[PDB]
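As a starting point, one isolated chain is supplied in structure tokens, in the form deposited without the partner chain.
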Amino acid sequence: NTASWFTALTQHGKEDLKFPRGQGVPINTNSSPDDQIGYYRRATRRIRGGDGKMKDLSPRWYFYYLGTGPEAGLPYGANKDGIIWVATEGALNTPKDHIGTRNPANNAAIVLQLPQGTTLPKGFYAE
């Protein structure tokens, strides 16, 4: 009943999303150095195509702070298909339930922006 705080990263290539061991956490001025840790979750959608058959759209990757979201129970590093982990140096490996997720009724999504020098895999674009 709740959404990611940020807009999604859309996967346009065959590469899966992945970041080096200090990159990938979206910028949020209303968060602290301890909170800068979370995961991206892949969300695939299916639509009626041109032949009338079902077809997959491009996968979307949504960021959630650690301890929040559809995989709030997973500890950092947990093995699960469709889940990739990110953290910045100094972040605390504790659940961020104090941040939680977004209610689109009273909060717009934060435009996802990565800090200067973030290395993305092929098929991903940083605004």
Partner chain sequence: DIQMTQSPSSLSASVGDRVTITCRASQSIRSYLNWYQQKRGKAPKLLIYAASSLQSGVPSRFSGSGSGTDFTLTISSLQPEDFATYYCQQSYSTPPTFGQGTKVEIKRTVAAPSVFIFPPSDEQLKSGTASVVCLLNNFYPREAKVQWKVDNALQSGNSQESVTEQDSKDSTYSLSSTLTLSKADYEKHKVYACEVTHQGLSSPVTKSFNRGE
The other form holds:
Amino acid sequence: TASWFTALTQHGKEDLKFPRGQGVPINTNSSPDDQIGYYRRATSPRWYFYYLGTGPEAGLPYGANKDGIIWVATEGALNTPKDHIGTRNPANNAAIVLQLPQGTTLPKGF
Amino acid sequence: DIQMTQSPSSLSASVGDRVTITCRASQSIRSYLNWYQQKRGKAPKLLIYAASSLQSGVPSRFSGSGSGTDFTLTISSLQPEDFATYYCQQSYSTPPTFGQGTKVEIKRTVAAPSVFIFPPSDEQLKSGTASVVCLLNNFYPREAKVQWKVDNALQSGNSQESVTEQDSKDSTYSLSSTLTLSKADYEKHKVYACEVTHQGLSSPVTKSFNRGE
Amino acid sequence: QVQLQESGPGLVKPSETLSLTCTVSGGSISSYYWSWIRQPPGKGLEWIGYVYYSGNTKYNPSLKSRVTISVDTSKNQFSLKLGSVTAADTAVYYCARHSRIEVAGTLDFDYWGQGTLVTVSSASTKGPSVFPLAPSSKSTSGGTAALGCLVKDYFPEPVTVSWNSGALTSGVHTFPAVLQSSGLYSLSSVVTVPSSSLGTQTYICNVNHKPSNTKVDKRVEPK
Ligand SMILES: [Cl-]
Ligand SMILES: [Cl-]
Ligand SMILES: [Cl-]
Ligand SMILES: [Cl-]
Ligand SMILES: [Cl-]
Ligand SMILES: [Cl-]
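Beyond the form deposited without the partner chain, can we have the form deposited with the partner chain bound?
Full complex below, order starting with the chain above.
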């Protein structure tokens, strides 16, 4: 059980963060209400995206303050767990190359 | 779908008492749980979201608790304006589903009804029917028996009644009962009486009029 | 403050289509989710479906086969169509806004309309007659007198009653309507007043039956 996407690698000293409305990776197999979740720093730090209510912090509600967790959402998302998406079995599915919409702020080091 | 089960279905509590009502889900919903207040004839009003967050503007005597399947709504000091039906609602997945509600009334001291009776108006009589109305004003508790007697014959099945919401100031109820007859039947009888039985009264009481004053 | 307003109450005939519109003011449709929610008389609440401002919808599976929800941002409105209705569809229909958390919507309904009662029935819309419940010795116990209006033989619900154009609220009791064996409703509204005010204060009940567009102001005098 894995993230659906490849990682964001942190080459600098700043934690990952995004402006409100930014940071959810593109996934055309998902719908506008689905576009909400968290990045988790693993364990150069690698940060992996998980849809809300899935993955290692599936129990956290949106906005929970935890070191190594940041929250992201896109306009149109619904704040409901994405049990229908869940996580990725790497034996069954390749990781989606993490892709952000054009114009997204990325902090230095990413 | 997710089934929400509220208990109790109704309760009475005194002003200044703590009230705690329960809502239980058929599957874990973590803290995705809202509470609403609904007054008679009004839309629900959001009180609590995310199981325990107080909605802005809602008095701080309202709280929520629980995460998973077992939730409570607490009114820590019940106020006279807090009578309502309270509903929970899971916000975890579509379709959002609501509990069946808990009705809260304010318990207060016994108060006997004032009893009033209204003959049919001349305007209604001119149109061919007669409605006789009995009013019970400002009583507690809600339970009351109101019987109609027409020239001392007990009426059974000939009248309908309804009851107001609890009053937000004095926590009492009022009730009206209506006996409807044809004009021809109204004119066959003399004494129209409302008999009232209530905990606040030593014994049943009767108020009447004679047709034609 | 944001305000939501459903279209007016009234009848829909069995097997026909219920149509309602919600008009939003003091705020914008854009960026929020909006739902229709209904409440049969004496029962709890049932979510019908939501619409996002750009047009996507989601419906309760129990209703999906016969419901559409649409949205019109240029009119700041959204609307419900519910087909093939039966008496099980008689209910107060509410429009409601979903709250937001950051840019996400929730399933938390933070603003609601007033509610519009839709009665599914083949019967005709019929306005009430208004009769006085005149104060007399038999409705005057000492220093308190009771008077009222009897609002009789209308269909469907609801009626609204005020007194003295809203200037009289203390002591007013407007009772739930009763369904008579004729299939028409009747309702009473009463006020208790000081006995010395009889013949001094004018008492007028203001009756509105929106389904039939019937409005009556009835003066209630003693004797
Ligand atoms: Cl937190
Ligand atoms: Cl799954
Ligand atoms: Cl479970
Ligand atoms: Cl308080
Ligand atoms: Cl609890
Ligand atoms: Cl039907």
